[PDB]
Amino acid sequence: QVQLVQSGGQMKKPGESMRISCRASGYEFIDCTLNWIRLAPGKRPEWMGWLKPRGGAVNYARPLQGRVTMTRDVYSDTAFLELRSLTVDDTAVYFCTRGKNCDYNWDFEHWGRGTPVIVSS
Amino acid sequence: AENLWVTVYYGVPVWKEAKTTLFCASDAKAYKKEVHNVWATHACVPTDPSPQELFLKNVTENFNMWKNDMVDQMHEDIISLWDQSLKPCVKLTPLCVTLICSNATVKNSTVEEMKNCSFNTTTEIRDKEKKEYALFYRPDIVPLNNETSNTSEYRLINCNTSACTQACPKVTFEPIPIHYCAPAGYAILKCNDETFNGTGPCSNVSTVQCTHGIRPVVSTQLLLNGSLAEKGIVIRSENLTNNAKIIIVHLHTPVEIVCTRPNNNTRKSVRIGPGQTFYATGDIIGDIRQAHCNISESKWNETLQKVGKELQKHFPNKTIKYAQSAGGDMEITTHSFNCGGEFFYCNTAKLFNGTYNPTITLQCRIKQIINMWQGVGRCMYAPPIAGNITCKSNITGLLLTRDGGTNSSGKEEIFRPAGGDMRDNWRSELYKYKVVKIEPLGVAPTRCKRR
Amino acid sequence: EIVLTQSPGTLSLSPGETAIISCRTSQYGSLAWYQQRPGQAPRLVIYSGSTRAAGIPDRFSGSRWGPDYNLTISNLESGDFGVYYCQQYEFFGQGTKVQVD
Amino acid sequence: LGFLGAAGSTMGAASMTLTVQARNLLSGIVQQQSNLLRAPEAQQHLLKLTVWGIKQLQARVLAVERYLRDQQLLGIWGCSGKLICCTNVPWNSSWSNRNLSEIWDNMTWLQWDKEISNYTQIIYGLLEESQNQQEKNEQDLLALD
Amino acid sequence: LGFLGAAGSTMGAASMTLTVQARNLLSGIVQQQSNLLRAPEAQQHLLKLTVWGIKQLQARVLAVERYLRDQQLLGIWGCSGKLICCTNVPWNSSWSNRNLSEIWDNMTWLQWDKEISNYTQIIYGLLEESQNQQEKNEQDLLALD
Amino acid sequence: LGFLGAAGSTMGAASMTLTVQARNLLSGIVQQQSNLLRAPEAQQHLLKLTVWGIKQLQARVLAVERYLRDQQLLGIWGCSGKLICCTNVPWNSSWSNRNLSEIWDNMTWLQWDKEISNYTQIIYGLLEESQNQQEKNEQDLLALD
Ligand SMILES: *[C@@H]1O[C@H](CO)[C@@H](O[C@@H]2O[C@H](CO)[C@@H](O[C@@H]3O[C@H](CO[C@H]4O[C@H](CO[C@H]5O[C@H](CO)[C@@H](O)[C@H](O)[C@@H]5O)[C@@H](O)[C@H](O[C@H]5O[C@H](CO)[C@@H](O)[C@H](O)[C@@H]5O)[C@@H]4O)[C@@H](O)[C@H](O[C@H]4O[C@H](CO)[C@@H](O)[C@H](O)[C@@H]4O)[C@@H]3O)[C@H](O)[C@H]2NC(C)=O)[C@H](O)[C@H]1NC(C)=O
Ligand SMILES: *[C@@H]1O[C@H](CO)[C@@H](O[C@@H]2O[C@H](CO)[C@@H](O[C@@H]3O[C@H](CO[C@H]4O[C@H](CO[C@H]5O[C@H](CO)[C@@H](O)[C@H](O)[C@@H]5O)[C@@H](O)[C@H](O[C@H]5O[C@H](CO)[C@@H](O)[C@H](O)[C@@H]5O)[C@@H]4O)[C@@H](O)[C@H](O)[C@@H]3O)[C@H](O)[C@H]2NC(C)=O)[C@H](O)[C@H]1NC(C)=O
Ligand SMILES: *[C@@H]1O[C@H](CO)[C@@H](O[C@@H]2O[C@H](CO)[C@@H](O[C@@H]3O[C@H](CO)[C@@H](O)[C@H](O)[C@@H]3O)[C@H](O)[C@H]2NC(C)=O)[C@H](O)[C@H]1NC(C)=O
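Chains as they are written, first to last, in the authors' numbering: chain G, 1 to 52, 52A, 53 to 82, 82A to 82C, 83 to 100, 100A to 100D, 101 to 113; chain E, 31 to 139, 150 to 188, 188B to 188D, 189 to 309, 312 to 321, 321E, 322 to 354, 356 to 396, 412 to 461, 461F, 462 to 503, 511; chain H, 1 to 89, 94 to 105; chain F, 520 to 664; chain B, 520 to 664; chain J, 520 to 664.
Possibly wrong hints are sitting among the right ones.
In silico contact screen, one side only, chain B against chain F (beta carbon under 7 Å); selected entries [unchecked claim]:
id : residue
1  : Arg579
2  : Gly600
3  : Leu602
4  : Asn607
5  : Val608
Here are the simulated DSSO-like pairs of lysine-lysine, each with C-alpha atoms no more than 27 Å apart in a straight line [as the list claims (entries may be wrong)]:
id : chain 1 : residue 1 : chain 2 : residue 2
6  : B       : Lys655    : E       : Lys490
7  : B       : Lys567    : F       : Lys567
8  : E       : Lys502    : B       : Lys601
9  : E       : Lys87     : F       : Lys633
10 : J       : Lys655    : E       : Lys502
11 : E       : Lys117    : B       : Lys574
12 : E       : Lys207    : F       : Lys601
13 : E       : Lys62     : F       : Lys574
14 : J       : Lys574    : F       : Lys567
15 : E       : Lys62     : J       : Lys633
16 : F       : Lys567    : E       : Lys63
17 : B       : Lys655    : E       : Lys62
18 : B       : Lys655    : J       : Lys574
19 : E       : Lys490    : F       : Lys601
20 : E       : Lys87     : E       : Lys268
Read the hints as simulated data drawn from the structure, not as lab findings. The beta carbon of each residue, even a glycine, is placed where N, CA and C say it ideally should be.
Kindly produce the complete structure, drawing on both the sequences and the hints.
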């Protein structure tokens, strides 16, 4: 058994930066991978990224290159997502996820509560 | 049918795999004076003075590099030996008090990174204190633009994680090689054949009693001092479509790389207790220059085009494009690199600006409060070394990642350099040498009669 | 910029009946499905194309024959109809949905 | 080197070199007084507590456990020492009924005992009852009158 | 289970089940590779120094000593392997003189082995004399001419 | 005491007292359950980590290694148990040619095998091929028809 905590959804305007956090408890953070996902209804879900906390590694998605950043903090045991210059296209919900085991990173067993983000004007 | 064919034979050439321990072996000549612990310790055993091998006729076996346990075995063992090296001879540090610095002004000019800094340590008498020039080097100070650092005063970076341990001045650090060999009842098998994709049957197979020596030098995203490949270039990777796993690349031909810590330096002792001795940079002499490295651009471009003409083979009509570092902490992005006790951090942007289808120079920064391995505890503190120091190596491989996102036919494909997982510095050499156990009590129906 | 897809795009079945779904066409990789949206984050249904996932009802089982890859969706309910997805590594499907009644 | 130089040869050739494994089954190149290595020089730090000391003792005792267990399983059937043995028991009905020619002509043992593994306990039971019959017959012969 | 399945049975019945002790006096269920268990999962923490580590190694080597000592004491009399042996020596005058009837008809070894303990050394000495006579006679038989 | 009671005596005298070594080569007075000593009183501190615990484990396992290795070298030649043995190959041309008289009349083993030490591997190989001939002939006898 394991669970993931989130700070909820936050709403904002077009064209600025913002942040969102997630954390994990049990099945220690330092060994196994994390994966962000975006859900826009009426649009295809997009693999946002994956961060290996063991060494600060990251491989962002090419369509979002540059204006999205990730960071870790081992002692606090958290996961920060940062993005810049949001548009209405990014109207979606966000999640933080985990895999079954520490060798595969696609068939996601444990998901967060979900956090909507809407911008209209 | 006479006695319906029952008997038993001894010896019985059969074997099966088994997760089990491995063993030490090193050339035990020079290290008899390093009484304190070090990798190829005076303990263990002298290496066999006569290695043996034999080629086995018609043997068919499926080597599989990513599944084998022994890499994890050594990944635990080296860390444990590291701890047992920095468990004794170590002076727990009551550092992190109020300190104040300013621009060094060694010459009339301001130095690049050092800052002449005061420090009120404890005197030998527990009652009183005294001031001396002490440790500064920039990344290990929590800063502020005011007349002091942090918020006021300042503190060393380590004192909200764990107590950093002093490194033993007497203990050397070099990548002295180590062999491995198995106890009785176990043996090691070797795949001599080339063009091996890390899996599937290997035909040209030879049995070696004890593995060849490796140099377990720790580093990231630039495999160095590793044995060159058999021929041409080879990719050894656990799948490619699964972009999560890391992709290795290994070269037959070497490339010279050299780095220099040009400044002369001298360490000055500072006393911090009854018999506990601190060390740090005392003074600097001569021409001031940043640490850097030199590389021949022509050969680097040749090798990048070589790699390019390899991995194009794994795609029908796609095109490649290198790129600079992914991001995040300095540990993974820059080129981690170890040299005689001093440590180097080198920005690798200039080495990956190329594209597919005379003397490049690298900017680098020394670093003196290391938090490598797990990054969780056991931070160590090396002492600076007297005078200048230079060192060279043969680049052997690179650690790449494939990124992801949406793709279409005719689009470009992007690769980036990464690392971090120290295990992928170890799977480079030890893809050979499966571990195997012999079971000598098989049977077969055969006619016989005792009496 | 899409390679993955799945059929049929939309279905109209009552509660309690069975449906046949399939992902296409030929791109290699481990297949997967993610359950219909209940309102919160969805859960898994299947591993490796044909392995049932832990803590899931027994109503649902996949099948794979090379490019051919089908999933039978049996005994649907109003508490389980919704938008469900097909996935290989990075891409996802067109986002099918089965509507109850 | 033993079968590390002769594993894949013919069955007849395999039986001709079953001996040298005795050195290769107990000695070990590095753990102890091998055929190439004697005790190390810096043994003062070997005897003092060290990780590789525990490794040494673990390896030695595991090898001893292995050899003693196999040699005991071989000895109880009256086959001690004899590299080729023989038993007074037939083979069961199943699994049997394979032609003998290929097994001796060109077969290699790596693929042989794969299917015999699950039935291997049965051969131990059959040899056990063979030894029981043999020892009671020995007792009866011992009973002269 | 060794004698633990048939310890208290009749005198003759004990001989019929002496064999399964070979497994029951070397392997052990839990110390190492056994008839029920294999190597442990978290062996990285077992190989690293631990309170129970020395216990495991002590148990293994103690079992090895136990088996080897008595196996040698049996071997030196030329009785190796033979679960029932025989020697060319008579029995001494004192202790002696007890009838064979009850000893095999209903008696069990539990009530028999106590009183022979203090005299047990004497049997070793007499068996040693037997082996000395046998080896000198073997040497003389070798002397054909 | 083994040879320690009769080491330097005559050649023939040594063969007559080879037997008491079996106790002497495995037991040890002090390591374990000896002919004079049992487990120690304050064993709670022997089991807990101590320098002399590592000493006792090292010594006991080294003795086991020694005995098993030499027995195995003796066992492979079919000479197990037999204190006097015999091999199926005559002696090589070089080294040879020394008279038998002095050796058994007055020599003692201390001065004998020093010259034979460098050639001992040759005798091992000769006994090995002797065993190979013996086992193939055993197979031929096994081939009744
Ligand atoms: C990849 O592979 C390559 C190829 O193999 C390999 O290349 C070598 O890399 C090393 C650096 O890692 C090169 O540099 C060497 O550095 C030596 C400097 O260290 C000296 O000081 C150490 C500590 O003692 C100091 O402090 C005490 C107390 O303050 C003081 O008393 C001393 O005087 C001294 O100042 C000391 O540990 C060290 O080594 C000694 O001990 C080891 C272990 O016992 C022993 O093996 C050594 O022989 C030596 O006795 C050394 O004393 C440098 O000295 C050394 O040799 C130069 O100087 C000596 C003396 O002046 C000359 O005799 C010699 O000819 C050299 O000029 C050496 O230069 C080294 O040069 C590379 N190899 C080559 C061929 O160039 C890489 O390391 C590998 N790894 C990587 C990451 O690249
Ligand atoms: C490592 O990288 C791989 C890519 O490089 C990646 O992709 C694939 O992963 C799958 C894992 O499931 C591997 O497994 C299979 O490989 C076969 C190989 O093709 C040949 O063999 C099939 C036999 O398959 C039969 O059995 C399976 C069930 O096991 C059925 O689904 C299948 O339908 C068959 O009944 C044979 O049929 C192939 O023949 C061709 O023609 C027939 C008739 O028209 C077609 O039905 C068939 O689809 C094909 O067109 C052929 O002789 C593959 O065909 C299977 O579909 C399945 O993919 C793959 O080998 C592997 N890709 C490669 C190139 O190896 C791996 O996943 C990745 N590994 C990891 C761990 O990530
Ligand atoms: C104590 O431990 C911390 C943790 O590693 C050391 O680093 C500090 O980590 C925090 C983590 O959030 C940094 O936070 C900053 O947040 C702002 C928010 O706007 C952001 O813009 C910055 O980029 C950064 O993420 C913080 O900067 C960083 N450094 C300091 C001095 O707090 C910290 O150095 C350790 N020592 C002390 C005395 O705190």
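Here is what the structure says about each hint:
| no. | hint | in the structure |
| --- | --- | --- |
| 1 | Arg579 | holds (5 Å) |
| 2 | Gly600 | holds (5 Å) |
| 3 | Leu602 | holds (6 Å) |
| 4 | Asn607 | violated (13 Å) |
| 5 | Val608 | violated (16 Å) |
| 6 | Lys655(B) with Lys490(E) | violated (44 Å) |
| 7 | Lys567(B) with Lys567(F) | holds (16 Å) |
| 8 | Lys502(E) with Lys601(B) | holds (19 Å) |
| 9 | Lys87(E) with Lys633(F) | holds (21 Å) |
| 10 | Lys655(J) with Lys502(E) | holds (16 Å) |
| 11 | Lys117(E) with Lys574(B) | holds (25 Å) |
| 12 | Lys207(E) with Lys601(F) | violated (58 Å) |
| 13 | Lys62(E) with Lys574(F) | holds (21 Å) |
| 14 | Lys574(J) with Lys567(F) | holds (9 Å) |
| 15 | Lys62(E) with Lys633(J) | violated (33 Å) |
| 16 | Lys567(F) with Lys63(E) | holds (17 Å) |
| 17 | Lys655(B) with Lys62(E) | violated (54 Å) |
| 18 | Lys655(B) with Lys574(J) | violated (41 Å) |
| 19 | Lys490(E) with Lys601(F) | holds (23 Å) |
| 20 | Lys87(E) with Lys268(E) | holds (24 Å) |
Violation of the numbered hints given earlier is confined to hints 4, 5, 6, 12, 15, 17, 18; the remaining hints are satisfied by the structure.
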